[PDB]
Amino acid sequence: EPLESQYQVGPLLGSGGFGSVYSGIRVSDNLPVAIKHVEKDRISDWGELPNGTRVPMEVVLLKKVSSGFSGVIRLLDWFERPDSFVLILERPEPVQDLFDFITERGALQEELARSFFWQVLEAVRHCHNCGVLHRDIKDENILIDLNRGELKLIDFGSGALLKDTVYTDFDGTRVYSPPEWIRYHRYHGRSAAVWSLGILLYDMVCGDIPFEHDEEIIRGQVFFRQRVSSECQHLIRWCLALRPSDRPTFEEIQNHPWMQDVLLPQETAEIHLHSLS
């Protein structure tokens, strides 16, 4: 019941301002899992469980989006310790994050970028429907299930419950925050999320982020370093509109002509993942 009596702790996988995750195996079915640790001190936002229970905001959000949809990692269970919380997350294999995939393969072909981007749009949408706003959409927070060709949104450590009123707080990735944040320290979830989606898309087709400094983010001029179709460039420029109100809705993004005829997850893997190239 403790924890070790259920899971077999393995080596260290990753770590950062979000936590320290270790490889793990569940005893009973040797099901591959990821064990994430978080110190109660490092925690900034807390929440109440559906049964009123002081817990990390991450746990709250994870349980709200944890169902059948394989678009976001599932929180299998969580434990509490005197100075930390432990999260048991599902862990697919083989797996590689979008950031390493991009760093390794470089700019992605548009066909593959369309499939990938489409899948994260569906995942983010899933979250919003469950009342969850991620706030840190970026290549590093997206895993690729190499065999299935399915992407998975991870790390809700900077999330928050979704609301229709302004947000005055933000502890996500700077280079992905919108010009409203940088200039006024306030924003709205959905439109701010669309902004990070545009950054992501650009990152997919160009191999790198488009902005580095606050002035670049505020100016909004987008220069393409790689050959990108006019439709894809237009979608990106549209998501990257300086004025939130001028950004497209998720519906408009998925209805955009560049977004059409997306490849099925399995076809994607068969065509772009199952290979040495």
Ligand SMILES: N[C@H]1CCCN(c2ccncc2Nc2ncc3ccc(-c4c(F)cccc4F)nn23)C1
Second form
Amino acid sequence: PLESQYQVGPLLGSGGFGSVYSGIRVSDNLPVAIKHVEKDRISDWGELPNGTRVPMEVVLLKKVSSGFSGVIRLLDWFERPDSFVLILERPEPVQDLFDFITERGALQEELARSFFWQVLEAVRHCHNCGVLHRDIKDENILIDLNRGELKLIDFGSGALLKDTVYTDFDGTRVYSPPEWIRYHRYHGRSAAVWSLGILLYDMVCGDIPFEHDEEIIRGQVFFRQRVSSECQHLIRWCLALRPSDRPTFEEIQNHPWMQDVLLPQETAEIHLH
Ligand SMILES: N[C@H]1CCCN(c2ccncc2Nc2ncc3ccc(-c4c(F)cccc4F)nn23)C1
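Given the form solved without the ligand above, I would also like to look at the protein as it appears in the form solved in complex with the ligand.
Zooming out: every chain and molecule, the one shown earlier first.
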């Protein structure tokens, strides 16, 4: 079933998330990504309408599946004796935002605006669908280089969105908020906004603002690169120490820095082609 349907290519990456390979669907040559996750390494388990036990990642991906292109599409999944295999869409050509920033260094603000806006729209979509990603970062954002469209990947640390406190966390520590570091407690939306602040800083400075717990806890943001006052203000707002002092998604998108965003295709023409 699986081995007949797909031609496996090189390894794209491995780590805490598992192992992910490039591949091709034999029937129609469709580019895909093939993600393997060992059962023992899965703590978060969900359940389909069937009653079938699957990784929460599959549940979340199904919940966010639609025409909306800002989230990676799950094409299929398979259970093996000791692992699960996910077949995902693969844009081509594509580059993840981490590599993109490594190559380019600090992004021009017009480009960071387009990218950040698309990330916000994607994250809003997830939340509307009842899904919290919990690992928003440059490494988990794909750039469709022809269309100038960004997509969220790796819902392996995510969870169902709830209004009560989370006391578990398996995402990336340097993107995690001060309330997690200090109290091992956070709420979904305000934690997401913190991680978005980290992301935005990363885009416009070419590196993350905090390395150590004490930096995160203190929350003093220093700019190493030239960044506009409007952008600095939004970043500092997202990175408010008190969760309730952070902006809502609406307030982020209504912020002066976020106005007159380019269309994805405009973005590709100007910055990517
Ligand atoms: N920073 C990326 C490196 C590649 C693997 N990666 C992932 C980690 C956890 N889950 C999934 C992924 N990757 C993933 N899921 C679907 C896709 C689709 C495309 C890609 C991809 C990519 F992320 C980089 C370069 C080429 C690619 F095809 N990765 N990808 C993080």
